[PDB]
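Let's have the full structure, built from the sequences with the hints guiding it.
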Amino acid sequence: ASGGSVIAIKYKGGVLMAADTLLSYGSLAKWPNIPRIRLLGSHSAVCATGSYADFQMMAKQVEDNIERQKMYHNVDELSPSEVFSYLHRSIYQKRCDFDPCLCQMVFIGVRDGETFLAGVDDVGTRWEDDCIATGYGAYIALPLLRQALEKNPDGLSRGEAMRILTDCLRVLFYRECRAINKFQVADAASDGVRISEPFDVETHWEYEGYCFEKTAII
Amino acid sequence: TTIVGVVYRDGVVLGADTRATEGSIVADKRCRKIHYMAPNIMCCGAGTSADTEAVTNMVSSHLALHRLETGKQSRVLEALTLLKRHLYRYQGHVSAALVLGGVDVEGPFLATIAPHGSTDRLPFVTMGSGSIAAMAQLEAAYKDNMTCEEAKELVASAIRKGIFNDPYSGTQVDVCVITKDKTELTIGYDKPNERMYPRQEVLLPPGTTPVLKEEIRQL
Amino acid sequence: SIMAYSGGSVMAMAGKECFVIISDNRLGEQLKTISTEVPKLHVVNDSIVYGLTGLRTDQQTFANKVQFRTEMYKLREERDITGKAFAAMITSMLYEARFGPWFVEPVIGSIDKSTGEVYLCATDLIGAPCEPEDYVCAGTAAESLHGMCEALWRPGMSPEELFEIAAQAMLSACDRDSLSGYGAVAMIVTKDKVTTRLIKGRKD
Amino acid sequence: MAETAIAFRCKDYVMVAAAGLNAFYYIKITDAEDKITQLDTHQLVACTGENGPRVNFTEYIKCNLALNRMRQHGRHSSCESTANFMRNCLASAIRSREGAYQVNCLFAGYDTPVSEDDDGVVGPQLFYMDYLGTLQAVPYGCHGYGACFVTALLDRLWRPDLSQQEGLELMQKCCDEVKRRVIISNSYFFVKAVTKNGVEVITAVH
Amino acid sequence: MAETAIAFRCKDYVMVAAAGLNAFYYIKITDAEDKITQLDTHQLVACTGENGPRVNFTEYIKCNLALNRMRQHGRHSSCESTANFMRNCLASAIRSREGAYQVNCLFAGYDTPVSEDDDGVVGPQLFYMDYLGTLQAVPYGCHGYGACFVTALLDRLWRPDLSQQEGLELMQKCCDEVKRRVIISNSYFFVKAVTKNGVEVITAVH
Amino acid sequence: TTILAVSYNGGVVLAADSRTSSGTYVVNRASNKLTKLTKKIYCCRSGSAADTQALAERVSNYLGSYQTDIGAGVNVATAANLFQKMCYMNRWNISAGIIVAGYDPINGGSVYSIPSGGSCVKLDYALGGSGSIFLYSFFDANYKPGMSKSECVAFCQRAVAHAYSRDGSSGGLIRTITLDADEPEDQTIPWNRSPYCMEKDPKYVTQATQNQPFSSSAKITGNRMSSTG
Amino acid sequence: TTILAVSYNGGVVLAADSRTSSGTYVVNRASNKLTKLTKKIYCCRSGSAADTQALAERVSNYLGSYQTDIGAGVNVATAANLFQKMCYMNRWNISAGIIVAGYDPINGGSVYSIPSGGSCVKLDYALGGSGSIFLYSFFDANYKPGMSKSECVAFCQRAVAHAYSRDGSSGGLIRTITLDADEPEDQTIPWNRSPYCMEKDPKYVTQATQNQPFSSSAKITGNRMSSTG
Amino acid sequence: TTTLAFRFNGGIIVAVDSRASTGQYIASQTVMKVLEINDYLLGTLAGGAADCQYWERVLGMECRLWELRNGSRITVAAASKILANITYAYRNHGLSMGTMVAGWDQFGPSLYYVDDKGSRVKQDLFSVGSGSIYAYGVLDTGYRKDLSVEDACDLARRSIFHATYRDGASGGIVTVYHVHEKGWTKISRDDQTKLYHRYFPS
Amino acid sequence: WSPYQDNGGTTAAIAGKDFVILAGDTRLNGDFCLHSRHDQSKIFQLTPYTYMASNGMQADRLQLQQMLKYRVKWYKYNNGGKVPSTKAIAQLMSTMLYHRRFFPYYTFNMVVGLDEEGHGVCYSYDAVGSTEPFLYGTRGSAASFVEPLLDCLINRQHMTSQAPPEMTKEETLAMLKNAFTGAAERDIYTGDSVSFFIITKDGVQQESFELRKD
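Those sequence lines, one after another, are chains A, B, C, D, E, F, G, H and I. Residues in the first sequence are numbered from 1 upward in steps of one, following the numbering used here. Residues in the second sequence are numbered from 1001 upward in steps of one, following the numbering used here. Residues in the third sequence are numbered from 2001 upward in steps of one, following the numbering used here. Residues in the fourth sequence are numbered from 3001 upward in steps of one, following the numbering used here. Residues in the fifth sequence are numbered from 4001 upward in steps of one, following the numbering used here. Residues in the sixth sequence are numbered from 5001 upward in steps of one, following the numbering used here. Residues in the seventh sequence are numbered from 6001 upward in steps of one, following the numbering used here. Residues in the eighth sequence are numbered from 7001 upward in steps of one, following the numbering used here. Residues in the ninth sequence are numbered from 8001 upward in steps of one, following the numbering used here.
In short, the hints are calculated from the structure, not lab data. The C-beta atom is built at its ideal place from N, Cα and C for all residues, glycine as well. Treat the hints with care, since some could be wrong.
[Claimed, not checked] Across the chosen pairs, the derived CB separations fall in these ranges:
hint, chain 1, residue 1, chain 2, residue 2, range
1, D, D3034, C, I2002, 29 to 37 Å
2, C, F2099, A, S157, 56 to 64 Å
3, E, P4139, H, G7108, 26 to 34 Å
4, E, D4155, D, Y3025, 18 to 26 Å
5, F, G5010, G, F6214, 24 to 32 Å
6, E, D4155, D, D3034, 46 to 54 Å
7, B, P1192, H, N7092, 50 to 58 Å
8, G, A6050, B, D1144, 23 to 31 Å
Written out as C-alpha cells, the structure is:
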C-alpha cells in the first residue's frame, strides 16, 4: 500500500505540508481515509510518498527514539534538525543493508522561530529548502511553489502559502493518477504543528474545449 | 524540450524552449522548435529532433501541394490526420511528439500528436521533458476566452517552468500566435536566462599555434 | 560505441565573412591506431567544406555518396550547391536510413560567396540539423570541444584570430581524448581565399 | 586474429607477408596455405580471415577485375581503383542479408604508366582494409594477433628508402617477432613483393 | 588446455614432459617455465593450469609432504599416498567457497623399498588427475590440447618394456606431434624421468 | 480506462471516464472515449489510445462507404463484425478493448464487447478497460434489466463513477451517449457533480485511527492532530 | 481468495470463500481461511496458504503466552501489531495478505488490514485476496455502516458471494464468524444455498445471441439449438 | 597504460607511460605508475589503479615490518610472494592488478610479474597494460642481456614511447627507473611528444 | 530498486603556490527533476587547511564526510590535539574508500588544502580509492568542459607565446568563474550557483557566484 504525493512550503514563522489522504495498492485506490501526515514529538511533522509500510516502521522507530530520550534522561526534546538527522541516518542505514525504507519523506518542524523543512529519499539523499515536494508533487507542484517563492522573495504569508498549496493540490488532483480530492495540511508554527481536518478543493471541469463535440475523434 | 499550446478567444498561442541537446550537452541554445506547417497552422515538435523535423516538413509539403489542388486554406484537421496516419504507420519508432496549432474556418484548433499516433484535440496542451511542469502552470492559470496578451504571458510562464524545473528545456521562450488572419512568430518573447559574468576574452595572437605546412588558394 | 570505434573529431567556427573547419588526423580501431595522416575534411566546392566523424567505413561510404550527389547537382543544376541546400540534402540522405543509419556526424562549414554570411550545420546520424551562428563540433572530443569553443569564441573575428582559437580548441580537446589527436588539419575559408593548415600537436 | 598478415611500402617495392597456418579449431592442419592472392600482374591482397569468406571475396574481386580487363581491351586498372572497388564491395556487404565478408585485407600493388598519356601515381601503393570497409593508404600495415608487435617494430626500423635487400632483413625481423611473441604458431610466412617488374615470390624469408 | 603435459610409465622409469609455454592471453612471454615440480627425491607432478592455482596447489602439496617427512623422522611416503592426498585436496576444493584448484596433474613417482620390512609396490607409478579429483593409475596420460594427439600416438607405439633410450625416442615423437598438430606454440618441452636413482632432467629431448 | 454500454428497451447507453494516463501521470483529462462510427453506432475505446483511434477511423470509413453504396442504414452487427475482423487480424500488434454499441431499426439497441483477443459477444451490457473489473460485482448487484432510457443513463453515470473512484487509471468526466430512434443525446457529467465519489461519501469521512497519541491506556481514541495534544 | 472483516456496533464479522487453487485446479474445496488467534481474535488469510498458516500459528502461540502471563484478555491491536511485525520482517520471502479482526472489552470490534507490504491499517471494514478487487465497488455502493450483527453477517455472505461468483480463484463455502461480547458464532453457507450466484440470477438466464442460424435477414432472432432448424 | 620492466647485467629497467584513461576521455596525464615501496623494491601499477596503489602499499608495510622483525631486508622472491598470496586469497573478489615487483637483494636482480589471479612469474623481460603488445614489438628487437645502462634506458624509453605512439590508452610522460645493487634511481622523466622529435628529427 | 543514485554536479580545484581555489556547484538533481539549488554538501571542511569536494551520490558523500570527520576527530585525540595535514587526510581518504571497495561509496572525491611548506595541493579519488596528486582538476558532469579549458590556460602546451608570469589567487578565481559560466551554458546538469573556497595560510574565504538558472 503506497502513499501519493506530499508538498510543503515555508511561510513567515512556519511551514505548511499537505498530502492526499489516500493509500493505493498499485492502481487501486484502496483507502481514502488515511491520515498520512504524522506528528514526531512536540515540534515536528513527517510525511511520506511510497510504501506506507516502510514509513509506518520508520515513523514508529523515530517517534519512540524521541519520547524515550525525553522521558528517560531529563533533557530538552530533540530539535526538528536533530529528529530529521536521526530519520536521515535511520534511512541511509537501511539502504546500506539492502533493506531500504523505500519511501521519500518530507519533514517539517519549528522549535522557536527556527523553521525547518527537509526531504529525504529511499537512499538517504537529504535536502533542506524553502519548498519541498515528493512523488508527482516534484514534477507538478514544485514548479508552482518555487514560482510563488521567487515572486514573494521576502517570504510568503500564511494566507498566500495556503492559496499556493490549494493551487498545487488542485493540479496534483487533475494530473496525478493515484490522488483524491481530500487533503490534510500540517501547519508548523511557534506553538507547534496542527493538522487540518480533511478538505477538498474547488475543481473546474466545464471548459468549452472539454465538451463532447470538440474532443470527438470523429 | 517543453512545448505548449493554449486556445484563446481569437486563435491559438504556441510556445517552445530553444535548447537542442545531444545527450548531456547544449548543441544549440537558440534552435526554433515552432515549425511552419501552413499559413494558418504552426507545429511545435518535441522528441527525436530529426523525426519532428522530417514528419513536420513531409506534411507541411503535402499540405502546400493540396492547398494548390483545392485553392483553399489548409484545415488543421487535415494536417492532424496526416501526422496521425504517418506516425501510426511507424508504431512510434518515428518518435515525433507534436503540438499542432492553427486556425481554419471552423475556428481555433489545437491538438497533440503523441509519437504512437494518439490525438487529443484540447484547449491547452504540452509535450516534451518539461511538459509536466508546464501543464501545472497551464492547469492553474488557464481560463476560457483569454486575450492574446493573457495567453502569451501564460504560455511564456508555462515554458519558463519547463525551462528552469527541467534540464532538456532551456534558454528562451519562442511564442507563436496563430489568429484567424495571420501568424506572429515572436522569437525570444522572453529571455529569462541572460548572460551571468561577461566573456573574459583570452587573447591568442596570430602565429601562436605552430603550423608544420600551409597551402593558400586564391579565387 | 560504434561511433567512437574509428575515432576522430571535427569542429567548424564562424567569424566575419570567414569560417574555420578543423579535424583531427587520427584513424583508429578502438584504442589501437592505424594511421596519423587521416584528416576528415572533404571540399564540395570553393564555398563548402564538410567534416565527417564516426565509423570510418561510413565516413568513406557516405562521403562517396555526397561526392556522387554534389557532382550530379553541379551537372543538372549548372551551378555550385550552396551551404543551405547541401546541409539539407545531407539530412535527407541520413534520414533516408532512419532505420539502419549511417554512423556519421557531418559537420558542415559554408559561406555565401556574394553576401559573405557564414552557415554551419552539425547533423546527428539521422539528419537532425543544428545550425548555430557561432561554431559546431562532433566526434569523440565533442564534449571537450564545446568546453573549449564556448570560452575562446567571440562573435566578429577575422580569419587569423579565428584559426588560432579553432586550432587551440581542437588541440587542447584532443589532449583529453584517447580517440583523437596526432595534430589536426584546419581549413580557413574566406570569400577571397581558402587557407589549408596542418597543425602540429601531440603524438598520443 | 590467428593468422598474421604484414606489409610495408618503400621507394620502389611493396613487401607483403601472410601466415601459412591453416587451422581447424586448435589443430594445425598445415603451415603451407598461401593467403596472398594475385589480382593482377602488379597487384596482390594479403587476405586473413576464415577460409570461406577469404576465398569467396578474393575470388569475387579477382574475377570482377579480370572481367574489367576483358571489357577494357587489356587495360590494367590502377591500385587506387581496385582498393576502392574492394572496399565498396566490403562496405556493401555490412548492409546486406549475407552480413560482412569477415576478412582483413592488406591490398598492395605497383602502378606503372599504362600508356604514354598516364600522369597518375607511378610507384608502389599499400592499403589497409578492415572487414567493414575502412580503406586507408599506409606505409605499413598488419592484421592478426601479431599485428601490434610488428606495427611497433616497423615504427622503429622501417624507413621509406630501404633496398629490396634491407626489406628481406626487415621482413625477417617482422616474421621472427610474430614467431617469438604470439602463442598461435605462425611458424611459416609466404612473403611476396610487388616491384615495377611484377610480383616475385621471396623464398629467402619465411 | 594451451600447455600440454605428457607422461608414460615403463618397466623401470616414469617419463614426464610439460610445455615451456608461459602465456599472457595470446602473447608468448617465454618457452622456459618448468611446470614439472619435484615433491620428493622420487616423486614429481606435471601440473598444467593457470600459474596461480598451479603454484598454490603444487606448493601446498610439496610443503604438506615435507611437513610429513619431518613429523615421520625422514620416512619417504609412497606414491599411492601422495596421489591420494593430492586428489583428496583437489576434491575438498570443488565443495569449498574458494572453488576448484583449476589444475590438471600427471603425478609420477618411483616407490623404492623404504626399509627391510617394506612388501609394497617396488617400481614406477603414474597417476592421471583431473582438477575435480578424478585420480586414476595409468600406463600413460596427457593434459592440454596436445593430449589427444599424444594419447593415440602412445596407444600405437608405447609398450610396457622399452628402455630409458627408447623412452627418449618415443617422448621426442610425443613432443614433436604436439609441435606439428597444435596451433598453440608448445615449442619447448621440459622432460624429467623418475628412476630407482631419483629424478634426472632429460636435456636431450625438448 | 472505464467504459460500458447497457441496452434499455428502445436503444443503448455508452458511458466512459475521460482520463488517458501514461501509467501514473494524466496526459489528457477530457478524452472522448465514445467514438462515432455512424450517426447511431458509437464504439467505446479501452487500451492504447493510438490503436483504438486508428481502428475507429478505419471502421468509421468502411461503414461510411457501405452506408453510401447500400443506400440504407448500417446494422450494428455490421459495425461489430468489421471491428472484430480488424481487432482480430492485428490481435498481437495492438492492445485494443472495444465496445461497439448502437441502434439500427431492424434489431434496435445492440451492444458488442470486442475484448483484446478479437472475440465478439452480443450482450445486454458490456464493461471494458482497467476500471471494468470494479463494476462486474456492482452490476451483478444493482443492475436490473428493463430500465427506462433516463434510469440507464443515471445508472451508467453512477457505475462509471463507482469504477473511476477506485481505479487510478480511470477518472475525470463521465461522458454518456444514448442511441435510439430519436437524435443522439450526449451529456458530460463533470467530476465536481459526479453521482458518487469516495471523498464526499459519509462512510469515509471519519479517518482511520493510525497515528494515535502516546497514551497510558490501550483505549484507542482518535489520531493525534495537535503537537500541544 | 476472498476475505473480509466488517465491524458492527458490538464487534466484527469475518467472512471468507473456502477455495485454495493451485491456479486453475481447486486443491481444497473447504479450507477454513478464518484462523483463531485467541478466543475472540480471528485472522483471515489471503495468499500462500503455507505462509499465512505458519504466521497464524506463530502469532496464535505468542498471544497464548502473552494472554497467560498478563493474566487478562489480549487487545486486538496486540494481535495486529504482532502480525504486522512478522508480515513485515519477511515481506520479501512470503506472499501473505492478512486481516486481523476481533473483540477486546476495551475498544470493542477492531479490524486491521495487513496487506503484503506489512502496512497495518485500522478500519471499519477490510477486503483481502484476489476476489477483494470485485467487492470495493460493491461496498462503496451497498455498505452502510451502523448495521446490526444479523445484517452484517447476511451482508458479508452476500459480498463474499458477489466476489466468488466473478473471481475464479475464489469459490465454494462462505464461512463467516461473529466476534463480540457473546460466544463466537461461526456459520458455513454452502454454495448450493449462497445468497447470490450468476447461475441462478435471472439477468443471465437468456443466452448471448452468438451462434445464430443461417438466415435471409439481418434480424437477430436467437441461437441455433436444433440441426433440423 | 603501458608498463615494461626487463633484466640485464647492469640490473633492472622499469619504464612506464603516465596516462590513466577511462576508455574515451583522459582523466589524468601525470599518474606516477612506478610505485616506490622500499628503496630496493619497485612495484609497477597497471589494471585497477586503486587495487595496485593499495596492495603495493600494503606489500610496503609488510616489507618494512620484515626489516624491523628479522633485522635485514626482505628478498624480492618473498616480496612478490606476499603480493601473490594477497591476490590469490582475493582471486574471486574481482581484483584487477597486473603488477611487476622488481628489486635487487642478496641473490642478484629479480623481476616478478604478479597477476590479480595470484599468478607469480620470474620474468627476464615483461610488459603490462593495453600498449604492452606495442612495447614488446620494439623491445624484443633491441633487447640483449649485455646492454649498457645507457642503451637499456634508451631501449625501454623507445619501447614505452612506441606504445604511447600507437595505443590511445597509453600516453603522456615516459618515466624510466633503474634498479642496481645500491637501490633504485629514477633515470629520466621525458614527455613522449618531445621524444618523437628526438627519435624522428625530420 | 538501485542503491546508487547519481545526484550530479561538478567540483573543480586549482592549486597556486600560496593557496587552493576549490569550487563545487550547488545543484543537487535527483531523477529527472532537481531537489535543491542551494545544496552546500558538495564541499566539506575536515580541518582549517583541508577540504573534501565530493561528486556523485549525495547520501554517500554525506556518510563519507562524517566517517572522515570521525577519523580526523580520532587523529586529533591520539596525536595530542595536533590536526592532520592535507597529505595525511589524503591517504586516509584512499584507505577508507578502499575498505568499502566491495560495496563502494559512489562518490568521486578531491581532498584539497595546504602541505607543510604552505604550497597548495589537491588529490583526486575514484569510488574504489585511487589517489593521484594533481595541480588543476575537475570531476563531474562538466569535467569534460572545464578540464580542457584549464589545460589550455594554465599549461599553455600548444602555444609559441611565452608562459604567463605565475597566476595569482584572483586570476585563478577569475579563470574558474569564466570556465563554470561556459559549463553551465553548455552542460544541462551544471547550473544555479557555485560555492568557491579560497584556502590560503590566512584562513578560508568562501564567495558563492551565480550561474545560468537552467
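Going through the hints against the structure:
Judged by the Cβ atoms, the range 29 to 37 Å given for D:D3034 and C:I2002 holds: they are separated by roughly 34 Å. As the Cβ distance of C:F2099 to A:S157 is approximately 57 Å, the hint placing it in 56 to 64 Å holds. Checked against the hint of 26 to 34 Å, the pair E:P4139 and H:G7108 fails, with Cβ atoms roughly 43 Å apart. In this structure, E:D4155 and D:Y3025 meet the distance hint of 18 to 26 Å, their C-beta atoms being roughly 22 Å apart.
Under the hint 24 to 32 Å, the C-beta atoms of F:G5010 and G:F6214, about 29 Å apart, fit the expected range. Look at E:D4155 against D:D3034: about 35 Å separates their beta carbons, and that is not inside 46 to 54 Å. For B:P1192 paired with H:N7092, a C-beta distance near 55 Å keeps the hint of 50 to 58 Å intact. Between G:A6050 and B:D1144 the beta carbons are some 60 Å apart, a value that contradicts the proposed interval 23 to 31 Å.
In this structure, the hints that do not hold are numbers 3, 6 and 8, in rising order.
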